[PDB]
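Below you will find one chain, with nothing else, as structure tokens; this is the form deposited without the RNA, and questions on how it binds or moves follow later.
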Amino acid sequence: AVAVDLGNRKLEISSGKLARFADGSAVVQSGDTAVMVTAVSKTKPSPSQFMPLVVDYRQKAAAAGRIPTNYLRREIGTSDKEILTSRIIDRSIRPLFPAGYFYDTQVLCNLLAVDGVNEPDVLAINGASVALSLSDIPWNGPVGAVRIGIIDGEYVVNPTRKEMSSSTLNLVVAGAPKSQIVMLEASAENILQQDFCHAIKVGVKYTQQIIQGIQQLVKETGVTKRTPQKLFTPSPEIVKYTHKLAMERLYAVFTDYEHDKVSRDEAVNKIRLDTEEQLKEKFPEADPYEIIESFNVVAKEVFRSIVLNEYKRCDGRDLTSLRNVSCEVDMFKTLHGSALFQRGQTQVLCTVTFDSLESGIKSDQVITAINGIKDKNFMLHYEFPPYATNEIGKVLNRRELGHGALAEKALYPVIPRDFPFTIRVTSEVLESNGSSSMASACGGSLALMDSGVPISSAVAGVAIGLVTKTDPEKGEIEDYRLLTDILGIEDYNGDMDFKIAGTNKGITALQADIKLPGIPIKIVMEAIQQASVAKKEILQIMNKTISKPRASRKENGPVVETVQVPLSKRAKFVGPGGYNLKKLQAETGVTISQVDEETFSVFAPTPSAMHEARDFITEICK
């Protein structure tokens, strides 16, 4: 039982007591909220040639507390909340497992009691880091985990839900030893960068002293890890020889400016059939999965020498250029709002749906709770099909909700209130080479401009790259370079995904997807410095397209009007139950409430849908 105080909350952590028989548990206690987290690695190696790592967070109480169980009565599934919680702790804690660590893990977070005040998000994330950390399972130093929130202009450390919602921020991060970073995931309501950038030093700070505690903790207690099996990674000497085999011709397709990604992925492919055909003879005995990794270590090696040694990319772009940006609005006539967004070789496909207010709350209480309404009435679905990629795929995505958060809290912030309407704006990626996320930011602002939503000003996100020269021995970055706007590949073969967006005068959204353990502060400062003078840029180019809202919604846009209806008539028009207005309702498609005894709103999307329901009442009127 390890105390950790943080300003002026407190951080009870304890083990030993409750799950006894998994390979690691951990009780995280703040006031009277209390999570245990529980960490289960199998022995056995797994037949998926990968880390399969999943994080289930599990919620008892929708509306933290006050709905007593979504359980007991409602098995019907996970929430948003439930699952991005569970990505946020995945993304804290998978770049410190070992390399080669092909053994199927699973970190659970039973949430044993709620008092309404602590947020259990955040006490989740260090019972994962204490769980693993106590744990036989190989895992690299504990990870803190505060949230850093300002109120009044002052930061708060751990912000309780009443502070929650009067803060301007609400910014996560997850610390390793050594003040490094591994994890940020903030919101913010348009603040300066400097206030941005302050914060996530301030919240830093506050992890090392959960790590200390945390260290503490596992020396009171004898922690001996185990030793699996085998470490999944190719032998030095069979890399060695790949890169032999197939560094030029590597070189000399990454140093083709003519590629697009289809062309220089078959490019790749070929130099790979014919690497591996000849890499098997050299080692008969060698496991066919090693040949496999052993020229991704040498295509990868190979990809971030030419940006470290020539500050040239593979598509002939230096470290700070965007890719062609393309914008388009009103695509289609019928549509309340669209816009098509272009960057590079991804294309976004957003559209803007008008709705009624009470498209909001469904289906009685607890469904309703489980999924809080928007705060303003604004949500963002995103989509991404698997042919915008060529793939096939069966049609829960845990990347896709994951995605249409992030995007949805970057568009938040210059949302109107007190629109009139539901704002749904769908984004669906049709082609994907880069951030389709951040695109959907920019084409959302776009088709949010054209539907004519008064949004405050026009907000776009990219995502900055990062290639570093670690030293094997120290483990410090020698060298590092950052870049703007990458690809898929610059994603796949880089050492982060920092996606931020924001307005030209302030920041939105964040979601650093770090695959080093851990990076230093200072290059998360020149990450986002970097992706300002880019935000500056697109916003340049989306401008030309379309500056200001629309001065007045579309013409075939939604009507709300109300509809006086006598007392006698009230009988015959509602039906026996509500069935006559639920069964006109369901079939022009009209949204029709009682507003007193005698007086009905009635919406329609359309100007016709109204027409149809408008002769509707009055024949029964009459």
Given for the second form:
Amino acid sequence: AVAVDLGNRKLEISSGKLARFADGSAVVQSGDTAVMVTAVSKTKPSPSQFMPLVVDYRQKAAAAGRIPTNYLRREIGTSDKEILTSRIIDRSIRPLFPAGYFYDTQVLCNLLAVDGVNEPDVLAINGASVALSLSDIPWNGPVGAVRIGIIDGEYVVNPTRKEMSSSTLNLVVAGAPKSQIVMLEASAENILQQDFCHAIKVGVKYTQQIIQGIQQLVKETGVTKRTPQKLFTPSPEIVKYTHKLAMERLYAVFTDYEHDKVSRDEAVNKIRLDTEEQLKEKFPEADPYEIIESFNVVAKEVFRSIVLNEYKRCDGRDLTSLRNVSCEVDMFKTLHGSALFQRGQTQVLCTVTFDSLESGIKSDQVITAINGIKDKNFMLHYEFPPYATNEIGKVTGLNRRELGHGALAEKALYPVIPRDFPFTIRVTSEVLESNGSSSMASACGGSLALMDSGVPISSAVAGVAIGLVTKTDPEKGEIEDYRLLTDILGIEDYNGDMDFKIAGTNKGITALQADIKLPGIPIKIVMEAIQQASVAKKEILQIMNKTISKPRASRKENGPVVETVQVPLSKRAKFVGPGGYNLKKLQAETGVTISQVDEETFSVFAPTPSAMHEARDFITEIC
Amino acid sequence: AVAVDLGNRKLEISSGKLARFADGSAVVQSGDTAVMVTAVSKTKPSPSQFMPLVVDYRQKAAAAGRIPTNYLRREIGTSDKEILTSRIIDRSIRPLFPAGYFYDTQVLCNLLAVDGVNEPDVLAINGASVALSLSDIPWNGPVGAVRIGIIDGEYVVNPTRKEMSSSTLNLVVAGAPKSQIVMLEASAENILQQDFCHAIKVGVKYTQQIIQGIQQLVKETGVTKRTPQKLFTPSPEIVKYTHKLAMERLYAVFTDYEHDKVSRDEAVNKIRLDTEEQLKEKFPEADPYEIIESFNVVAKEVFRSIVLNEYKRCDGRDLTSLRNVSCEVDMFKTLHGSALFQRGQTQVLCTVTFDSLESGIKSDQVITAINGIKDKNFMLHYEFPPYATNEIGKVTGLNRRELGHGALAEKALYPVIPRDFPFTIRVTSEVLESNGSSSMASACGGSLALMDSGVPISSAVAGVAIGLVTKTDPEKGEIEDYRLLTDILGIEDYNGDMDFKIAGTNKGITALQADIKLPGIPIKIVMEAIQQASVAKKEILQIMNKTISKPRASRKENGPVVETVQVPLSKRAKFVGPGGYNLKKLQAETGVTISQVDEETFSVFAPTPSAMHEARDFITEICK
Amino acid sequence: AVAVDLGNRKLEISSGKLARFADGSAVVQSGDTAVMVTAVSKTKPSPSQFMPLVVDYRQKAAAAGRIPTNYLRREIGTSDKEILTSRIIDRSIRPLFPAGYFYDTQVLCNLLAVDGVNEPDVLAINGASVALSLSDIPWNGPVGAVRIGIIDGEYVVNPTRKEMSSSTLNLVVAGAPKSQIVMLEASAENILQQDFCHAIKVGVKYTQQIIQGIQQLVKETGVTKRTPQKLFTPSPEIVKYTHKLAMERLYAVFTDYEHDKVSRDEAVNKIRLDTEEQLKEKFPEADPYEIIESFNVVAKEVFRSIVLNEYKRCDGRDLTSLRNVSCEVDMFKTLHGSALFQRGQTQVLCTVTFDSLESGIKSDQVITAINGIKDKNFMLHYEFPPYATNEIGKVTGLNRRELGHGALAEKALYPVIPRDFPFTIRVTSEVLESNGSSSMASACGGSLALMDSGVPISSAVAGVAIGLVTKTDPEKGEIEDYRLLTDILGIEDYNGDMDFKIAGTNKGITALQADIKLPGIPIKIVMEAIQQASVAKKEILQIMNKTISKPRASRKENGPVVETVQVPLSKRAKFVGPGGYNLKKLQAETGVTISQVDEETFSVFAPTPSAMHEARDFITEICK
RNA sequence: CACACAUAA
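Show the other one: the form solved in complex with the RNA, since we just had the form deposited without the RNA.
Now the complete complex, all chains and molecules, led by this one.
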């Protein structure tokens, strides 16, 4: 039992009472909200040849724990909010696992109680840190996580539900010891860069206090870590031999600026196939995976050495240059709004669809509360079809990455969406080609599509991903020097150290998501990445403004229309039919939605003026 | 970009702008409707020893399709119309793939825009042809697809949505080069055979124009096909040796008319086990699959040679003889209607269930209720349980095949269903035993069940499947001679060249679905298949009419009943309850549903008079 | 066809007409309800090292005329009733399979018709027995199953739906030849032990009549069982050599009373690693699974020998001792009710949530997946998270064991739930740690949480599980000696012979579920298990009463509140919104539930007083 | 094993 004071908020951490059979278990309570988190790791190595870590955050109720929904999990599955929360917890603990820890691991979160005041998602991140800290699972230092909000110009740590509604910033910071930053995830209301940067410093300060509390509990409990059967890092003998065999060939490939995505990847594969045959005869007793991983380490090292020593990327540009950006709007006559945004070899097609305000509810109390209701009747749906990477995969359903990128792009465009719009706004982003930050291209393409559709957004929104390449001391672990890369390619993200996706208007920041592969980075690097990304965002907005600078004066002539019809009381029964049979038959035959306003007035929403025309023919003949 | 003119309609083909990473990609636009189709094929042979081809046609948003609430709902969120369209595209392009192309392939269709006038399903089939033609995937010859309708006596190519609603025919034709036919799929309003056959001729001519346009685009673009690392076909020398080993034994099995489905397959399995061991020792270095495929080649060739040379089939029938047909009706008292149709070793149990109109096509969620309503309040649900073939399988959710067979059987019975029926008609067909065309037996059995249930259908509907066995010289690819088989068995479909399922009444055709396994067949063969099936259809209808010839004079006395109950305004609040809680509870414990049709009256629908008794005692005590 | 008379009930059994392709099929008809059950077993040995047996019972509401309810107009998912019935059929037929029969097997039940009078779930169990008896699948003697009710103090065999609603007992008995019992599954309205016991012997008497009828049908129609490729059982000489290696080490582990669950499992596993390595050297050609199973045979035999010979268990308890029981209530402030029940190393956390009355009608009509309404507004959700056993597994649904345990614990507490409670009672039971009967700990912890929350339950409910260890004749198979164990651990259930989960009040029995692994046990053993569990139940209730003995005088202050708000007619449109949009929006972001009672009256339900405060502000500004 | 998780995203 350890209590951590974070300003006026109190955090209580305990262990050893519930779920004693798990490898690690902890209960983190703030106020009257208690969350129990368990960690289980198998002692038998898994054949997956990577780290199989899965985080499952579950809630027993929706709408601030007021509508019980846990009994519906067998068919109503997992909500979208739970998946996003699991992604945040996953990103806070994944980088800290030791390299080569190829053992199945699962972290589960149970909401013992929710008071509707303190948000349990932050307590879940801390609970996952305490459970792994107190367990015998090999894990690096404890992680503290807080949420920073801004209310009336004041920075509030772990704001309540009431305070978060009046906040202009929703930033979650995960911190490692020595004030390192592990995970960042924010959605701001177009706040200034200086205000945003100060809140990160405040957040990292609080996470240090939590780490101090968790360390004390670890010392009192007396935790001893297991000895894994084998850490699957390749031996230094194999790596140093692979360097002598493929350094100069990989160096030539990565300094060739005529390569595009597929040709560069093919060229690397050609070296991999030739080298791996020579590696097998050199070490016949070596594990087949160790041959695979030894080449990956060498290729990654050669890729980073060029950036560090020559300040030039694999495609020839410098650390601050953007890829070629092309924009286009109004491609199809029938779409309410459309845009095609291309960034290098990343292609994203965005579509804006207007619908009735009544489409934001599912007509069922439980299901509507599960997915919630959007504040501005605005949502974004992000798709990553398998042909974007010339691959074959299942097309039904959205994986975790698609959910995360959709919420990131939606948060970026949210602050500029106007209120009291007559229609529900749906933005659909499809990644036709992918070589980089397609999620940020969904904010740029979504902004162009919204302006093309006639939605009077306050300002355009652009995004950009910032990569990182560091050279750290092998023993001390300190970062000797680093390079910040603007608008990274896929290979630069794969071989890089972070994926700093940040979007906003030309005078503020609206969304941010940092995906750090390192076990924490200094706050100075994060500070410089935000400033560097703002320069890139200025250039991108210049290109977009040439294509379209202001929303069109009105919606498309063939767009949705809302009209009001009058039915007499005598004719009411015939028009509606037996139990609303006629209204739903008309809805299912022409797509028009009819709602009852008052005892004589019916609201009619039609997707097209033609659909209204034929629907009105039904109304006239039935009356 | 290439524009193909099909009468008064225009087809626009494009490539090289969107999704350049895919192996092939194309955008087909008609009017203001555009569909982009991509094809991806791996360079590594798949572990499975067949061609894995997946076609996924996805509607981006009907009205505003939005997104399913969660992952599991997404995995079930594919609509029935999307699945049927994907099957049509799959059958149009699968026969043109080379033999032995055991590589994973996926074709994905994305609806860029829909104007509500030009139907995108036909454009998707063409887009899949252009995408595969411009890709490096080896695909034999482009195909073209058009939809032919009959509006007030005129054959219309690619009719609009308004024209399709007044059409008496909904026929989709996919054609290969040289006027071949790859796919056929029709849904007619009981039209004459001569009118139906002419529409096929008109459609094939139009698809040749599309193929000409695609061929020009291929030549102008400069497509180069990949070289697969291995085409998995048995070597000619190992097939020849297998022929000498098992020609006589297989010939004896296929000439033995005392075999049924299980016995014949068991006998062939016995020869396969004996032959495979001998093959392995002769060719130790042969691929283990190559041993299996060599026997399948030999068994298929022996099976087809018997019918080509002797005009006799494995069960002793000639080319136009039907299997034994027996029918029953009214087997269970509580069923609204029932029928047990048996054809050969295929048994189908059909049930008819009536339900209220309000709870007949209408669900609670209007957003998802679209693509879920029926024109005549009529639908058919088809089930293929795993015990029909003595196999073990999952029973969770219908697969694509069950959805396709149910739609085909529903289209066959749709034109005879009366309009303005008091109740929603639902026909359930279960395949208890499967050895042949179970989908067609669902039309015949469904017709009997509808007649037994008391539904005044205009005429009885019967269906049949027609097979094909051809002899083609590999040096030319032409078809020298062929045999058309009536009411094929399972082995005749497996070793045959087509599955020509056509259904209709005694004076017209109501549905058709040709599943051609050859890379195109001439129009003459299709012309004779329809005529030959006409003879078989009338023979089946003779047997069916013996069991029952007209619908029963009235519905069963223990069927659903509807009447109104008057509720005063003062009693309305107590009767309905807070938020309709009392009615919702009543509809749960008992099957009765209460729908308000007037400010003072309520329409009560009870599935059975016995359940109606339970409802009446509830509403009497509520009234007090 | 064979007819069996059960008092006033008639049971018609037939075969040879439908689904003739399956290995075994049968149709069982009582009254107008007929059920067809088919059994299919593969011939190739399964890759899995156990018995793969799946039983699927499908409602198929087309038989009742009430299948078409949702927008897909077909059933989606499997209901709770379907899953529970499948488990009962599985428990009745699983023990009779021969040991080592590792062949894939599936049993499928199809409801041809239901009259709404005779329950088809009992006929499904009999049909599963006839289908297997007539098949060639190796299966032991036929099983007869009946349902016994008590109406007006009279025992009724196979009661109808009308009688089942006025019955104080719902007991299902499956019997083997020689009056053995293979399955017991009951739920009673707190009936006396003697009345409960007399129904069991009445039920077994009726099952013998059914078995006699099935035997006659099997005699009439020739049944020849297949010869499996091999029965996967360890060699007698390999088992004997394993016994010599690990007799003493295993005996030492099981006589060490200081072991807990994990340490005991690890100590046994250490001997397994040492012995299995030595076994391979002695028998190089033996199957790798044969080595694994031979050790499990020796370990099981040593474990049971200690109990039989010395009357002491692996943790030092005698045959009638309970583990340490610790209770605790009022765990958290915001929960309406909560309790933490611990028994030995099994820890269960129970929660009570009061919901609106309108949220308990989740059924087919409104929801595409849910079906039915609980009689009393009361349900129990049971969860078994993977960390309860230090394991990693999927956490989504599709778990039948959780459904079975939840239903057992729910009907254990159902008789004591008060009638006409203003709110829906939902009890959530989570197994934080498991080393035994977590399903019965859910009943003990459920009553503590219900009393803590303020629900005026009639009396407390406790549960316990009784194991069994028998020494049977190697040839005859008759039971020569047996020991009944109270509150078995996980190892005692795994190595035992039955899992007799029986719960109830201090003066009666409310639930029972016997999981017998033997091919039938004498009724005398069942009788003594009930008596033994009665003694344990009183001891458990004594401990529970010390923590809390009576329900709290009132619900918690932060519990739900229901109050009515009057709106004028002129403001009805503004408050409700277009098509009820405002009500659906307020209730989605606040958690309240508004139901229109009268023209001007709206009943607002708020889960917490704070929620009502937020809602009241929302209504107040709307009224402005 | 598969599934889910992570993965040139």
